[PDB]
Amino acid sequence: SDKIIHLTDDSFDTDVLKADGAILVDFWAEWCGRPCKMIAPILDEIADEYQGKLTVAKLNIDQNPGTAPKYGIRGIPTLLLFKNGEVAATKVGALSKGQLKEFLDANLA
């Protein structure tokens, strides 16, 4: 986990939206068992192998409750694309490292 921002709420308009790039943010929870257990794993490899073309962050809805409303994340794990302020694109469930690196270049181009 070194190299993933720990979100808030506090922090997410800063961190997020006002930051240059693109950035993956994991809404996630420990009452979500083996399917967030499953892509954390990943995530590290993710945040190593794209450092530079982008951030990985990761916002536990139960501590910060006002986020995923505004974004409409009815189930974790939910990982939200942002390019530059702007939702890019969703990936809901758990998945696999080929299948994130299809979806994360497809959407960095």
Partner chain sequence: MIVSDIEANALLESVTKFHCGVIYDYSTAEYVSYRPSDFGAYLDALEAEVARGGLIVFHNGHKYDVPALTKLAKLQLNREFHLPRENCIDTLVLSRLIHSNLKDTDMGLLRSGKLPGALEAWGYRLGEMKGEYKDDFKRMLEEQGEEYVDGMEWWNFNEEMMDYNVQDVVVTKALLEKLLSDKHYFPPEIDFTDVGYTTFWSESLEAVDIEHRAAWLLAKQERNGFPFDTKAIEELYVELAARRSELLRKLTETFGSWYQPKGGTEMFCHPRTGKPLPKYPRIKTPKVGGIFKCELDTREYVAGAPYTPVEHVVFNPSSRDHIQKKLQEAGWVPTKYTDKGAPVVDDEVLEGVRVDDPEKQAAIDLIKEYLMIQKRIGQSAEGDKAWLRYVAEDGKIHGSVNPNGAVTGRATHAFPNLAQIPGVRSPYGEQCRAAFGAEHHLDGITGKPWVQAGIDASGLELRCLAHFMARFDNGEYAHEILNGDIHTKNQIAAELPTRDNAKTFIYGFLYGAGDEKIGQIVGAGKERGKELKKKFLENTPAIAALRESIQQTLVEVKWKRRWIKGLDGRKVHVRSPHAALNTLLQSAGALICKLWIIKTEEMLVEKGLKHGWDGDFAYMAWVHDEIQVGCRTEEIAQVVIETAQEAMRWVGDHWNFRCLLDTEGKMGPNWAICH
Contents of the next structure:
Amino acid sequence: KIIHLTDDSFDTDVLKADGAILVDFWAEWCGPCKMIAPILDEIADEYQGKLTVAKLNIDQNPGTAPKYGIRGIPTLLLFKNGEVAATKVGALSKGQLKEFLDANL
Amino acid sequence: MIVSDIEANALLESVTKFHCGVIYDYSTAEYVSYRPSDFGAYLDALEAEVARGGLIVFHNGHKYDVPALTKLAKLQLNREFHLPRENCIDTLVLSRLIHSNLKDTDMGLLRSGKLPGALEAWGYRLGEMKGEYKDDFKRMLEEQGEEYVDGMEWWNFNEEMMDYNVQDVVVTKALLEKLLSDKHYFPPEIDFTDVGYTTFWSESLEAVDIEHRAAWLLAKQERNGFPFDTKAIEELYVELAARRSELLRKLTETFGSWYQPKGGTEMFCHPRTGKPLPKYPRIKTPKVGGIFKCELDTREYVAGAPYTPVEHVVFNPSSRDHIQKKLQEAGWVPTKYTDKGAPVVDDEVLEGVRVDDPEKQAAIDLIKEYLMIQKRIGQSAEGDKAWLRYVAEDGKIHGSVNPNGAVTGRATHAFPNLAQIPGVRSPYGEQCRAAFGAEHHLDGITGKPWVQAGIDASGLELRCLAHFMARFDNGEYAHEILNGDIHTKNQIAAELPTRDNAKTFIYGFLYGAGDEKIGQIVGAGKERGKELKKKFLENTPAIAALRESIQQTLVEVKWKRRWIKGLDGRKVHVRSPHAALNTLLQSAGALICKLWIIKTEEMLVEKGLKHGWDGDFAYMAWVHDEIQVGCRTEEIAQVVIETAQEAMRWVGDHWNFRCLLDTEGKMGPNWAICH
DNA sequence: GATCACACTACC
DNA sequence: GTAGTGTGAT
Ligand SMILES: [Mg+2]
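Structure of the form deposited with its partner chain bound, given the form deposited without its partner chain:
Starting with the chain above, the whole complex follows.
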């Protein structure tokens, strides 16, 4: 259910998409990213048709993150109409994520 | 004999006022203080010691006190004051001769904390006086509530300054007596604090006289300066800067930026077991933050939700770690590592790196060019010691020279180091060397550029070796150098394919060329290099004999003696029995070149030529086996060149050298042409 | 099997 | 400012 983005597919998959898209900027060497990954998998399946969860690995795709001023990871950016609607940084739990989404959707 | 010191308002270049001076007279055993209005009486006292055929002791007087007094006497009193070289003794010069195995802060210009080894105590105190005075001054000001301004402690005379001046002489006297107690340089049967100047130089070891003449001459050389073409370097800098930017533009496109952990406070701990995970990047755990305040909380953090602080890093070609990171990702497997375990990333290694991505392979050449460009920019313009930062108002660079800075007796150069200007054979070397030249100095009367005489000692290292092996081969090697062809002789001795291979091979033994570096001359490694050395030595028994004779005087790692006797009799400290022969060779060459430039200047002056820009010639730089001399006319340049050859022959005869010594001179407008 | 100055990064 | 690495010259 999770969309794996690339720098070259970002503009089309995120900025010009319909409906809400949650983007997770992560790296394999980050402990916290590893913590939330399992959480995002369950969120994608639970919110399908309601939300699209996508991931962008900042090591293999170095061009995008800088444009959004990433300063920490994981960084969850909620996009709506090609604009960043909301943003949270850190390994939130299932509940903090669910309430973050429900609240912003 | 008298010991003395002065305090003035600035460094030699801009000193305008005498603050005070102190004189200790051994004949009366009394200290006398001279305040600002006693300047004329101070000079009178110094001239009275000269009238008696006496001696004047200063610590660093050759470079500062003596020329400062001449300058200040003319400026403040309209008086001509010129202490003769023969009447002056310098305890700093003496210390550098006797304690040549020790470093020193060169009167506080160097941070004592960064020097390796121990430091002689009295000299340490003398070098630190300025800094100690400044701290007392600053302390006293603040105790009274007024602001301290950089350098204000030297603007006016005050009694604290006078007290430091007295202490200075007290310590200089102590230092002096400690140095005169060294029986190797000063015969114990003579009291050197009770003799006239002629006795002092004639009864002390020859090295004492030579080091003072060298320091006197090099102080003059520093004052002369090396004429420098500022505009040319400013234009070279624009060119280099533009190329640097273009290389960076190309390299940053090829090697993209990335993120790295940065600013993490706490350690990442496994969420389930709690096991600390020291290797993971450090994290931060928001103390505040939530989803709602319900009104939404538009803050980025959530209390308890950890994250890893990171920073964006752009590829930096000057970073050998960035280079290593990107090349390994491109498939490079390092073979050479450093003690700290880091992969070696130098030009030789980079030359050998092979990665299959064409663009990244080509980018390695861009990286090597970038490192070289930066090297040039740092030396000429951006470094703390860049030429553009040191060129003075007179259009000259006045580099400092420590006449006996190295253990072997070689001089050291700094601020900036004029002995490390890129050679004409290296990238941009021609433009660098061309910017240093007599042509850039316009005569004070006629406005016409001066000309340059560049003179070097011919193959000095091999002739020194020939000299020392003459005891074993009866001059065979020396005979081959000056009559046959020593290079092809060594080529056969070794086995190397061509003559030039032998020239590289021979210089190799001299300038740290290891076995791998040797075999690497014929296209191989260690073995073909470890065999070439052995073969050479078996076919040149005299060198083997020399080596064993040198070590038998040093070893039995128990030492029989930790020093070798130099050509002028001084002790030359030997660091390793293995470095003994090179220590012996480098020392001989250094002393030969030192006496040579001293004798050359004396003969020119004997011929009636005046040393200085207001005269006929000016020493501009002395770089080990070579001197660059500015000359008012081409005719003088010719005389200097001929005189230098005469002086070299005089030196060879003076020390009964077994190999004939020679020089070669070239006349031109700058250092590029006079190479 | 040499002597020495100095710059640039990375870290405190 | 210090430690580690390299380059500039003989
Ligand atoms: Mg002084």
